[PDB]
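A single chain comes next, written as structure tokens; it is the form deposited in one PDB entry.
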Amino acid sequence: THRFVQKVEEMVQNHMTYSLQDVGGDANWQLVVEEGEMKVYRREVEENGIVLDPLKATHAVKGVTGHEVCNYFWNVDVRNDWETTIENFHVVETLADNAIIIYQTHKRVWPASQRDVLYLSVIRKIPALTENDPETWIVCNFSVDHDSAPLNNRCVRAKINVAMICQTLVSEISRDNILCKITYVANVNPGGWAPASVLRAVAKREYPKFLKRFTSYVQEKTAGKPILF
């Protein structure tokens, strides 16, 4: 039992309560980009001059399970196969077999300075709320403080709360008959000065490119392997 067990429970339950809700019907969410079943939405939010724009996306991916998608998203050993904006990353602390603390730096977005981030990354299976409902696999990545935080004078420290939340629908089961329903939420505080139009333009381009590249990577690596439910 590590020191972040309560915090983890809170952050995960908040996503389970609030992040799964539908936004198709909700005019407070702007639909920014659509590519088939991938639907990317945002709200435009600025606090004390800093652009926070909550991002929420849904997607439906054939032929992979939620457990698989979450394992690929959490497993630091495959990070470089799908990430494209990371410059450096270091595992700061191992809390449990399902929870680590990561420090990473990102590629600069001109003309703002580079960003770094220091977060707890946890993977959990959440049982079905009623006998009717699906089980959920979730990865939550959320900023924390740590005394071994790196000094990096080129970087402004962002703060994140991200979740990759998956429910899996199925019909001996073939990958032909499985579909993973994803909700991805990203609440990024850039942590200092950054021009709003540029941040918005980069979010609009990069979030869809990330979701497409990541989800296709999982399909590619699990093809012709036995399913892990």
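Positions refer to the first chain, counted from 1. Each form is matched to the other, and the largest set of C-alpha atoms that superpose within 1.5 Å is called the rigid core. What changes on going to the form deposited in another entry:
- Superposed on the rigid core, the two forms differ between these two forms by 2 Å or more at the C-alpha of one listed residue only; from 131, 145, 77, 97 that residue is 131.
- Once the rigid core is used as the reference frame, the Cα position of residue 26 differs between these two forms by 2 Å or more.
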Second form
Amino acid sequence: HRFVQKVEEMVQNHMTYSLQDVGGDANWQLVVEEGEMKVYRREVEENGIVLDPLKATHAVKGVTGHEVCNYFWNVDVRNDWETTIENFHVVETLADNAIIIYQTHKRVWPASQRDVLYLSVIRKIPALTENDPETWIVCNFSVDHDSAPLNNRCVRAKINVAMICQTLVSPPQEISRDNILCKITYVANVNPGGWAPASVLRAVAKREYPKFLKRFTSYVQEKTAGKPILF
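Pass me the form deposited in another entry as well; I've looked at the form deposited in one PDB entry already.
Since only the chain itself is given, any partners or molecules it might have are not part of what comes next.
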């Protein structure tokens, strides 16, 4: 499909940069910590527009990276966990693992409602060596599409989001979900697409990202509990 090169560039950039430890960078601040979930943000505002890169890490017992990515990507289960949208639909299927999605978000007062149009791709990155972890990644990044032009009711946000998963399995005869731990890195780089009050945007991000990470990961645990493991 026409976006294959763009997908590869986006995936490679995440694998090169998004897994780099930000812990030693004074510009990256821990904003939320609960259990194994840590949420960090770098405050960035250019021409009044809040761009604050967000990075979270989590460690989720009893689920695999393949499972987590499947649930994050699969549009059929989207409304079971997502809480920030008014509607979404699939604009185009590019491949078995790549779709283009249009969605409108819930309005955050006092700003205009935001919409987004993004390619969502799920990819397995095989281990190259014995000690290299296998990675499952979902990348959601803005693309243009003639069937979803700009409209007069919403401001079009631009996003680059990834959910990046590596799975640790402890030696057991068969593997139990008690033996598996999914290490998650989630990154979100969002351009709100126009002015919005900085304090409001930052408060909403601080609330909504951990709320999502907790809700979504608990959902995957709930939906996979008692079921055969999909590695």
